[PDB]
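With one protein chain withheld, the remaining protein chains of the complex are depicted in position.
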């Protein structure tokens, strides 16, 4: 067996990938989402009630389908990053990255020694298919994709420095955390917030990195795609489930 | 503590209750459904991957909300009925009921001896809140609601007989099983099927029982409500999740 | 490795075994109970929310401790009996046994062919420790203990016939189901019910079988032990947890 | 999406498929087995501690790999068969089938009405991918494969009658159950048993059905393959795990 | 829907709340505790085997009852605090708080930016009921209650400083950790320890904060209530389960 190709990573330079947030925290729900045809699914370990074992179940469900899995850990925790890579998550989205130094540590956390600090345990890892991928320790690093979130003032204050870090494949803008940080909590649609988001997208792409974002607003999402934003999540399973059930009930009250 | 009042059961005689099918087989998904404001939630033990323990988790989730829980067991199995009643399911929907004799056995399965055959284990039961409901063994039978599905030719062949069974509170028409039984598998909307469903609804109400049905078709659901159908499910969580994610992706392909 | 000796089965003829009902349906709770020093623990698959997998977890927890595990299936279901024997339950308590014919089928359900109908799958079974007990298929039958519950009028109407069945090691009286069957639901303490229980215990022991019973009433439990009742459960974990927490709160209201 | 093609079913007529028993009852263990390259994996619901939910997890694990899943229910229970088909098991192995009448009921249990009695619930089923397989109710029956076990004297007494049942795709011989039934429990290797197995394989293939068998004995497995046996399981994960760990320890004692 | 009112938080100023420690780490056990009528339940993420997902199940169980849930995380970890707030824990008890700077960080960890560092993910959170609480991002901070444990010498060395932190609603004294820190491990009842606890309670109340404590000792608990201690836990479910089963067995040995 050859290592699983990270098509999400390759497509960062060839197309615009449409994403779905997966926070139902469940193998069975993850599989329903996997049947739709999204370019990528974000398994949310930060804002959905997930742990390593529930993320593994969802990776196993999604693996039969073409949708590419991206995992968001709760934080940029080196040992948690090790755990998520070994269950075979090939793309990670690190929340609240605020310096070149933190971004550099996240790069190393995804690469084997001697160049990185990823803990070595290939005999035990779904990532290596328990060494059924015979050359995994040689081919692993190339199919790993690192995304970092800029979603705070300090993040924006260190944007040019983060964009200079080799091994950061993409910067993803978090409008909820960023609008809150800017004193517009719950109102990311405000012009003050949107002008910073557009400028930020433009700066990311000018430094040769992939830009990403989440908006459940169809107009905002289409605007980001027109700017050339490489990875755009367009909704959230929890939100779509709630809204679809409320919209149906309102037809009958 | 006084026994939980079965408002679903009381409302069978006073209003038309709007229902949502719950097949996501998950305590967390069940809570999302419970927040919407449906009159009733059908926790599907027949066609979703549920067991007693997953049904228990969903009852615990829904219990904090006004939505009334109805549980469908995989079949009219007396021991399984016993199990679902003790975890505190107060309304049961029995699939594929086909004679007065089977409906009578389902009535007895829901009532304590000496009048019924419900196994007695109140010290262990969430149903009694582990005897924190001090008179549960006296007050239980009153708050239990039995619904039976007519969804086969034999069922329609025994409809008058089933409708004469004291203890059957409601008959629910299953259009998927019934359309298939009639040789119109996948096409319940056909006039042949619909005329039999309308006639069946009319006969159920004429015998003083509650009539129920599921249709994801808004026009068919509104027609059944106009006929006075007492319990009408209008959608399915798995269906709404899939459709909502597909509809969103189609805006971006 | 030699097959696990069924000390519960042996002690039926040498002493009076004190039992604790286990309906918290949980490996961790089962282990707390296992630390107390009961002669036997009844893992309740009839009135607690248990399935094969949760009973297995509790068997694994209890196995490190001297307390002997007894499992009650939801019903006298031959395939469920097969499943519970293979995860390594060596003593079963069958509810609602009402004839010599049903008791004879329960005997066969616990024994390998050609004499019985227990399904053969020793390579897969914790019971054989996955064939690490090298002669399991030869030594299994001898360490299996069958108990049947008499707890209905029909049971009492067939008591002499059930007591004549070879391979029934014990008859256990269920006061909750029996008092309900006799039209004294919730009032097993009534003289009418108690005189039948005492006579029943006396008849069981006169036929050379072990008698068993559950009472949370200390006086009734001590009376049953004075009659020579071989296996007496004296409480229920759910009941003791609820009562201990209520009794503590009442000191502070 | 088109219905998942049952390659196991097709290959019954074109090749000899090498099988592995999966009794570790675990999504993660099922995936390790799926990486090896077995033609088919038997998820054992009869002699491993599995339920609908654990079988679902294992189907989800295995689905990303070419190995075809076969599921053995605990018995020929029509409602359990309905549950396993809806979670998306396309090939079932029914234990202890002993008459043409039982084999006919198993055929019907696997097919939609009006021809069969499979309960209809495509909107909820992983089988239909929640109706993302748009014509599932029309294409389902074709990709379902029914196997029945002959592993008792009464089975052998009804072999010709079972082999005349249209809809039985294969007969699988269970040497553990069959050797016990014949009074050679634990000794299937005996000439008395082996002559009956060989004759039975010959009869199965002469009636135009696929023959199958399990043997962990390499010599017996190769002999069965030389006779033309269509589906041959050659080992059991629990057995291989135990034996590999025992053999390694013995090198160091 | 309006945000869930934190009655625990309001009652810190109006009454003395009686608490029960919940360490059975189980949705079902948590519901049993919820039925008793305790003012508050401490779901222990520090000293019982809990994770985010097991704490979620226990919150869902307890939510149908008046008892207010308080969650103790394993440590004052900002990302874990974020996770427990989003699953909807409205009161946190932070162990081993030892400086004003740590207490200030715990205040910020519980509040949204720009004033705090709580991660924003309301679309995914049970806390917001998945935005069914429409103004959650405006009303959240008000219903969050922060408690900190003083249970070390350094904690006592920084008590005046911690008590001057705005946003700390309560200080909880941990007698096990504090007695151990003072060189009286296992003997909190010693006058040396008790004099420091009473003095500490008095200082907490003098600074206008709520004081709290756990003691399974009825006399010590009543003494702490007589001093005006605002939140007093009086027992532990694991302890009461073990003691109740031991006391019962001793009546029969």
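Of note:
To keep things simple, chains are lettered A, B, C, D and E as they appear, and every chain counts its residues starting from 1.
One rule holds in what follows: a contact is a pair of C-beta atoms (placed from the backbone, for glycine too) under 8 Å apart; a residue touches a chain by one contact, two chains touch by 3 or more.
Touch with the chain that is not drawn comes from one residue among C:6, C:17 or C:61, which is C:61. Only one of the listed residues, E:31, E:39, E:169 or E:177, touches the absent chain: E:177. When the missing chain is restored to the complex, the residue among E:10, E:75 or E:138 that touches it is E:75. For the chain missing from the display, the contacting residue among D:45, D:49 or D:119 is D:49, taking the whole complex into account. Contact residues of subunit A toward the unshown chain are 51-53, 56, 78-80, 82-83, 86-87, 112-114, 119-126, 130-132, 137-138.
Hidden from this view is one chain, which touches subunit D at 18, 20, 24-26, 28-29, 32-33, 35-38, 49, 218, 221-222, 225, 232, 234-235, 237-238, 240-246, 248-249, 251-253. Within the complete assembly, residues 21, 23, 25, 44, 46-51, 54, 74-75, 77, 95-96, 152, 174, 176-177, 179-183, 185-186, 216, 236, 238-239, 241-242, 246 of subunit E touch the chain that is not shown.
Here, only the chains that are shown with their structure count from here on.
Matched by residue number, over half of the contacts between the chains of A-B recur in the interface of C-E, chosen from C-D, C-E or A-E.
Subunit C has its Cα centroid 34 Å from the Cα centroid of subunit B.
We define each chain's centre as the mean of its Cα atoms; on that basis subunit A and subunit D are separated by 40 Å. Touching two or more other chains at once are residues 51, 56, 126, 130, 132 of subunit D.
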